[PDB]
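Below you will find one chain, with nothing else, as structure tokens; this is the form solved without the DNA, and questions on how it binds or moves follow later.
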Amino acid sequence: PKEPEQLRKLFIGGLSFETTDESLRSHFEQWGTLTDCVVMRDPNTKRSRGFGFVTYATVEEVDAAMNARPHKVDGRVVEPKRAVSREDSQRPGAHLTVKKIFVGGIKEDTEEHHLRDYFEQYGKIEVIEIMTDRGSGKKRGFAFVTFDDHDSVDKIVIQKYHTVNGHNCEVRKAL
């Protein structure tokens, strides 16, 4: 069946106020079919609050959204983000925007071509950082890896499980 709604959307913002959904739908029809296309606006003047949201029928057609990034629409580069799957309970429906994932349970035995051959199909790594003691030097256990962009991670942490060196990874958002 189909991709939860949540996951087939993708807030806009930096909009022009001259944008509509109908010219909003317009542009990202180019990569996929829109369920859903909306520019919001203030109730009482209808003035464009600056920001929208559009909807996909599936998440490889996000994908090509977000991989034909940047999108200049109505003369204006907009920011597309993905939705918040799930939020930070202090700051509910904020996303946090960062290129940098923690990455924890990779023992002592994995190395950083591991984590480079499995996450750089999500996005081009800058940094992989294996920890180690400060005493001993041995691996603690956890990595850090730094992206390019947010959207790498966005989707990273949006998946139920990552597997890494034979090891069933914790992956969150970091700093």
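Residue numbers count along the first chain shown, from 1. What changes on going to the form solved in complex with the DNA:
When the structures are compared between these two forms, the hinge, where C-alphas stop matching one rigid part best and start matching the other, is found at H95 among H95, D74, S48, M66.
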The other form holds:
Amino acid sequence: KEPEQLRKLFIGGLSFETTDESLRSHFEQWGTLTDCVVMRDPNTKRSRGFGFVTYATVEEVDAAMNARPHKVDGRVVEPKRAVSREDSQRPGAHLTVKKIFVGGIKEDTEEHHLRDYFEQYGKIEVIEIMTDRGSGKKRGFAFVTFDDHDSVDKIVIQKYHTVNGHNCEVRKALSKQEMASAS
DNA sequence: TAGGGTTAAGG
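Right, the form solved without the DNA is done, so what does the form solved in complex with the DNA look like?
Every chain and every other molecule in the complex is listed next, the one we just looked at coming first.
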């Protein structure tokens, strides 16, 4: 019995006419749904254009994501790992990114260290261990790029990540400008 | 395309 948060998917871009029933009829093809709902405006009752689907196990969530692209009621929608209400308050928590910031890695951390932990989440395209300009000093963080945005989401929703023997913090990478406006 | 009357008491 895995946590409800990890068994749930945010479904974005829903057609205006998709309902709890039609959404369920589609996603039920990859497993048992324990919850399925279309979010709509309290007053107008109008669909807000998104919803959530929750499966009995994360294995079923994974099958659902492996089946992208998904078309619901004639509309290509965008399935995403559900980000908790708490983590949703963070800047850029809902961005569709392929790169993650990895902070707090030992100075002697090498690429194979990052691969042995991250490759399990998806195909890695780029690994950059950051150093100081002119100094050459290791700065204690790195960037890892995957070929699927879901590899990143699968990672950032977990709390701990062990690299080169110790825990490190992992977040979605923000651009220079996204970083500045977030400060 | 970010949540459903789902987030700080009273000792």
